[PDB]
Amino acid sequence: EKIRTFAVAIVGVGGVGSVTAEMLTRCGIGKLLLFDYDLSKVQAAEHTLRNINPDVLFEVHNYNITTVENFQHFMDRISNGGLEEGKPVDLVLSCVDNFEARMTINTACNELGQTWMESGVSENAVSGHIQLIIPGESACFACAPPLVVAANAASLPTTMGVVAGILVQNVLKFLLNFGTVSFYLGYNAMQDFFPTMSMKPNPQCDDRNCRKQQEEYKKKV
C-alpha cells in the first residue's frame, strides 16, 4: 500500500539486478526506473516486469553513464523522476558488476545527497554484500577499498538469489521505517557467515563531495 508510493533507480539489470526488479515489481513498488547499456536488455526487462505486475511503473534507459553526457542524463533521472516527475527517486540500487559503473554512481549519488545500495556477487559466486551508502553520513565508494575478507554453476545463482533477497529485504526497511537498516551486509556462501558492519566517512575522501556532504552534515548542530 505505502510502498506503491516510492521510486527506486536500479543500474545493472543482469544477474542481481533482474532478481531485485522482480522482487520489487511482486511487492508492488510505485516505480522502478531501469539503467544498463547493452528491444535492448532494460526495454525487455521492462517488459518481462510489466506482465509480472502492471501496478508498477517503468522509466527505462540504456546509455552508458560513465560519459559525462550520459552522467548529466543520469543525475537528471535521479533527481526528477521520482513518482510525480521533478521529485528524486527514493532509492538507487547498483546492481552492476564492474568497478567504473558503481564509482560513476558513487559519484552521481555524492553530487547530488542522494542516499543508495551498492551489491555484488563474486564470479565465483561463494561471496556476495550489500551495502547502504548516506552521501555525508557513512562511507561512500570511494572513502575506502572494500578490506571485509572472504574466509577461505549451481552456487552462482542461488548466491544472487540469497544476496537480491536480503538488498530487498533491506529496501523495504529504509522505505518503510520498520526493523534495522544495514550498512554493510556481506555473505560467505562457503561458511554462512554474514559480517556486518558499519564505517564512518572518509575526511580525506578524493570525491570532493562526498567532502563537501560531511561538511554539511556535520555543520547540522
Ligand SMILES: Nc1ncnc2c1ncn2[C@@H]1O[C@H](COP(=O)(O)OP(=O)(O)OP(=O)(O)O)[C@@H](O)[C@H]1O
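Residue numbers count along the first chain shown, from 1. Think of the rigid core as the biggest set of C-alphas that the two forms share within 1.5 Å after superposition. Compared with the form solved in complex with the ligand:
The Cα position of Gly86 differs by less than 2 Å between the two forms after fitting on the rigid core.
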The other form holds:
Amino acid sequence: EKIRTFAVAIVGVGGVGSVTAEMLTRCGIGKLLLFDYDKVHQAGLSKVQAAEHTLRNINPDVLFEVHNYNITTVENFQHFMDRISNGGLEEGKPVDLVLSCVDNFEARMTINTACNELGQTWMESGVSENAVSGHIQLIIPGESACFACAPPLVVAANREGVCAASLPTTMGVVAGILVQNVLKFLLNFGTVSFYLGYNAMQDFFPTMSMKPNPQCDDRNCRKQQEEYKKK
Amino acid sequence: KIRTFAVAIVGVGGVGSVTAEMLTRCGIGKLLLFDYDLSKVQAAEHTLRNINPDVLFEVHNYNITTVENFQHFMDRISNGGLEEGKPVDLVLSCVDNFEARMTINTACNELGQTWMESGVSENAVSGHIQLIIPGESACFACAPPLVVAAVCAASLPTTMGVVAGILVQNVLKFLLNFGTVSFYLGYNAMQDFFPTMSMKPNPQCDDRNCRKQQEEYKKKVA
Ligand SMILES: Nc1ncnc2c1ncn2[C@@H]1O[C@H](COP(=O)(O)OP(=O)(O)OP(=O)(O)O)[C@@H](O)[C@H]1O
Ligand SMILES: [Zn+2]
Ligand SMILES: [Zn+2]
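Having seen the form deposited without the ligand, can you show the form solved in complex with the ligand?
Time for the whole complex; same chain goes first.
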C-alpha cells in the first residue's frame, strides 16, 4: 500500500536509471519523474518518452511525468528545481527522493547544487566504465557529505566478452541495491546505507558514511549544515 | 566465448526466472531448464527465446526426486551440454525447497559436477549464493546452513533481483575465468551485510559420493 503514496525523480534513464525505473514501476510507486536529454522499436524517439511508453505498459497505475531538457543550463535548471519542489504526488509538494543515475560529473554536480538549495535528500548512483564496480550514496544536505564536500569517490576494483557480459549484470546489482535503499528510506524500515560500493570482481561491498565538510565549496551545503547543527 | 557454455537451471520461479533471463541476455550457448508441478518450463522457454534466439534451450518437467526421474536428470547433466554427449558446465539450484536442493546435491556428488545453490528467505530480508565443488568444498549434506541473519510486496522482488544478479556475476566469473568466484555469499537486505566464507568438506558426510569425491580430490593433490 504505502509505496503508492510517494514520488521519485530519476535523472538519467540509461543503464542503471532504466532498471531502477522498471523496478520502482513494478513495486507500484505513486509517481515517477523522468529526466534525460538523449534519444534512443523506439530507435530515434526521446529516451524519456520511450521509457514512459515501456513503463506505463508495465504498470498503468504509475503516474509519469517526463522531461527532455539538459538540466546543466541555467534556464533548464529553473524548471528542474520547480519540478523537484512541486512535482510530488500532490502538486505543490516536493518529490520524496531524487535519484541521480547520470553518467557525468557535471550533471551530478548540478543535481547537488539543486538539492543543497532545496534541502532535498537524494541518492547518487554509478557503474564504472570497467563494468565491474558501482556504488550508491545517500546525500542528506547538512547531515551527510554532499557531492561537493569531497572530490569524487572511486570504488577499487582493477577481455571484450568479459565487460560486455558483466556490465548489464553489475547495473542490475547496483540498481537492485539502490531500489532496496529507496524502499528502506521511504517505508522507514531496516538501515539505509550512506555509501555502499560494489566490487564485482571480488564480491566486496564496502560501506561507510561521510560527515559534511564545514568548508564545503557549496555555500548552501554550509548553510544546511548550520541549520542541522541547530536542530 | 560465453556462447560456448551450457548451464542447467533447476527451478524456474523467483530467482530462477531472473537468473535465466540474465543469462539469456548475455548470450549463453544453452540453457537446460528443469521444474515440475503449456507447463512452467515451456512457458519460460517461450519468453526466453523471444529475448535472445541465439540461445539454445532444452526443458524438462519431471519430478527429479523420484529414482526413475533422477536417472534422467543425471543423464542430462552428463550429456546435455552444448555438444550432445558432453556435460553441462554448471548446474544452478534456484528451487525453494529442501528436498529438491538435496536431490541436486546427490546428483552433483555422484557426477563430480560443480554447481551453485541460491535462495531467498520467505521474509525477503535475506538470501545467499553458494558454490559447491564436490570433494573440494562442503556439499549441501556436509553441514547445515549456520551463517547468522543472512513491505514484501516490494522487498521480495528486489531481494530476488540482487541475489540473481550476484549469482549471475559469479556464473560469468566461473565460466569466463576472471575475478574471484565466491564460495558462500550471503545478503542481508535490512543491514546491507554481505557475509562471505568458504568451508572444507565434512570427512564424515552422509553422502557416500561426497566421501568418494573427497578421497579422489585428496589423491590428486599429492
Ligand atoms: N545533464 C543531463 N541531463 C539529463 N540527462 C543526462 C544528463 N547527463 C547525462 N544524462 C543521461 O544519463 C543517462 C545515463 O545512462 P548510462 O550512462 O547508464 O547509459 P549510456 O552509457 O548512456 O548507454 P545507453 O544510451 O544505451 O543507455 C544517459 O541516458 C544520459 O543521456
Ligand atoms: Zn558539501
Ligand atoms: Zn558432503
